[PDB]
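Just one chain is shown here, as C-alpha cells, and it is the form deposited without the named molecule.
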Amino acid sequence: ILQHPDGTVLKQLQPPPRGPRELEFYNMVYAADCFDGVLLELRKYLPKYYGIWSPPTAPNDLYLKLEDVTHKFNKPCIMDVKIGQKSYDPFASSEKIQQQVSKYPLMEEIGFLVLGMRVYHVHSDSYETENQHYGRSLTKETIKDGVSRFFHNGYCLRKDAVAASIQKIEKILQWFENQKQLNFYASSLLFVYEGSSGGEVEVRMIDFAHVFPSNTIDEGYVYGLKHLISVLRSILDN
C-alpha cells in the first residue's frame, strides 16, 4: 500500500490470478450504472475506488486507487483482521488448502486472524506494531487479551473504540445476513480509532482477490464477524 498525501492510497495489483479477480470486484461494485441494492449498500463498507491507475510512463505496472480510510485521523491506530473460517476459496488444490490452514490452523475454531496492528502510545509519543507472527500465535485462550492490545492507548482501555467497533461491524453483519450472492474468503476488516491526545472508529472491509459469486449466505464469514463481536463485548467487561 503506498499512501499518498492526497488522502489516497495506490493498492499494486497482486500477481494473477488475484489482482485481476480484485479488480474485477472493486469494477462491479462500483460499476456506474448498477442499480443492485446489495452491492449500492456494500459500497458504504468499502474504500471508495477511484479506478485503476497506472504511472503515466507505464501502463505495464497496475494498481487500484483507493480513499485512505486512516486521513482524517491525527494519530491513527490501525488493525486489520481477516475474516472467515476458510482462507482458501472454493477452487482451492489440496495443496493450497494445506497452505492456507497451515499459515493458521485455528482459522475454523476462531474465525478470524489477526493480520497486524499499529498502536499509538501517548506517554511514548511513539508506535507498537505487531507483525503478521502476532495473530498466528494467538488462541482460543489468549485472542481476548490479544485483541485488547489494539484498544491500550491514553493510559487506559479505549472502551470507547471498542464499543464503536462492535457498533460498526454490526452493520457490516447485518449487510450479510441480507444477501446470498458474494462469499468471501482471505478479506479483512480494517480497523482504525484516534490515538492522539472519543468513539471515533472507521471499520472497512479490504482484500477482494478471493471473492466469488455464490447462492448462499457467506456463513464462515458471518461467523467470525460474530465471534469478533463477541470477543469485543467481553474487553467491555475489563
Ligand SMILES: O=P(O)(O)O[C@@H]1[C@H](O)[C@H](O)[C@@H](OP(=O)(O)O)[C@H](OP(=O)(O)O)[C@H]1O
Second form
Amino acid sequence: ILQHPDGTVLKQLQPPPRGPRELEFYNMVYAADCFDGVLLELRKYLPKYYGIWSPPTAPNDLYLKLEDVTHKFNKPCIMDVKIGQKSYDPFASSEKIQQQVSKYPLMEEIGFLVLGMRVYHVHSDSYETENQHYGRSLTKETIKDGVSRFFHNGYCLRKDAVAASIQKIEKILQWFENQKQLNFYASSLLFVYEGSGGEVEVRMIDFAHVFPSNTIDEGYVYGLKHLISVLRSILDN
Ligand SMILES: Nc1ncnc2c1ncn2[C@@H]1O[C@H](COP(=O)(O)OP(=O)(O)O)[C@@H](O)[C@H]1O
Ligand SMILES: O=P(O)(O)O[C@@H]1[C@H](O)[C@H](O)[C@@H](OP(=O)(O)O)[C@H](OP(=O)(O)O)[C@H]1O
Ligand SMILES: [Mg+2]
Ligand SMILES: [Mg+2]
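Cool, the form deposited without the named molecule is there; where's the form deposited with the named molecule bound?
In what comes next, the whole complex appears, and the chain from above leads the way.
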C-alpha cells in the first residue's frame, strides 16, 4: 500500500487470481453504467475507486487507486478487522483451508479477527500499534478487552467512537441483510476515529476473495452481529 498526498492510496494487485479478482470487484461495483440498486448502495461503504493505475513508465506494474479513508483525520486511530466465519474461499485447496484455519482456529466461533490497530495516546502525543499476532491471540475470554483497547486513548475509553462504530456497522449489516448476490471471504472492516470529537469511518476493504452467490453471506452476518454485540458491551464499561 502506498500513500499519496492527493488523498488516495495505491494498492498493488496481489498475484493472480487474487489481484485480478479484486480489480474486477471494484470494476463491477463502480461500473459507470451500473443501475443495480444493491451495488449502488454498496458504494457508500467502500473506498471511492479511481480505477486501475500504473506508473507512466511501467504499464506492467498494476495498482488500484482508492480513497484514503484516513485522509480527513488529524490523528487517525485505525483498526482493521477481518470479518466472517471462514477466511478461505470456496475454491481453496485443503492446504489453504488448513493454513487459514490454523491462523485463527477461533474464526468460526467468533466471526471476526483483529488484524491490527494504531491508536493515538493523547498524554504522549504518540501512537501505539498492535500487529497480526495481537488479534490472533484473542480468545472468547479476552475478545472484549482486546477490541476495547482500540478505543482507549491512554486516559479514557472513547465510548463516542464505540457508539458511532456500532451505528455505522449497523448500516453495513442492513446492506448484507438485503443482498444475496455476493459473498465476502477474507474481507475487512477498516475503522477510523479521530484521536486528537465525532468523525468516524467504518469502510469495507480488501476484496481479493469476493464471489458471486445465491445465498445470504451468513458468515459475514454472524461476524458483524457478534462484533456489534462486543462493541455494545463495551458501552457498559
Ligand atoms: N482505502 C484505504 N484507506 C486507508 N487505508 C487503507 C485503505 N486500504 C487499505 N488500507 C490500509 O492498508 C492495509 C492493507 O490493505 P488491504 O487491502 O487489507 O491489503 P492486504 O490484501 O495486503 O491485506 C489495511 O489494513 C489498511 O490499514
Ligand atoms: O498475515 P500472515 O500471517 O502473513 O498470513 C496471511 C494472511 O492470512 C492473509 O490474509 C492471507 O491472504 P488471503 O487473505 O488472500 O488468503 C495470506 O495467505 P497467502 O500466504 O496465501 O498469501 C496469509 O499468508
Ligand atoms: Mg487485508
Ligand atoms: Mg487481503
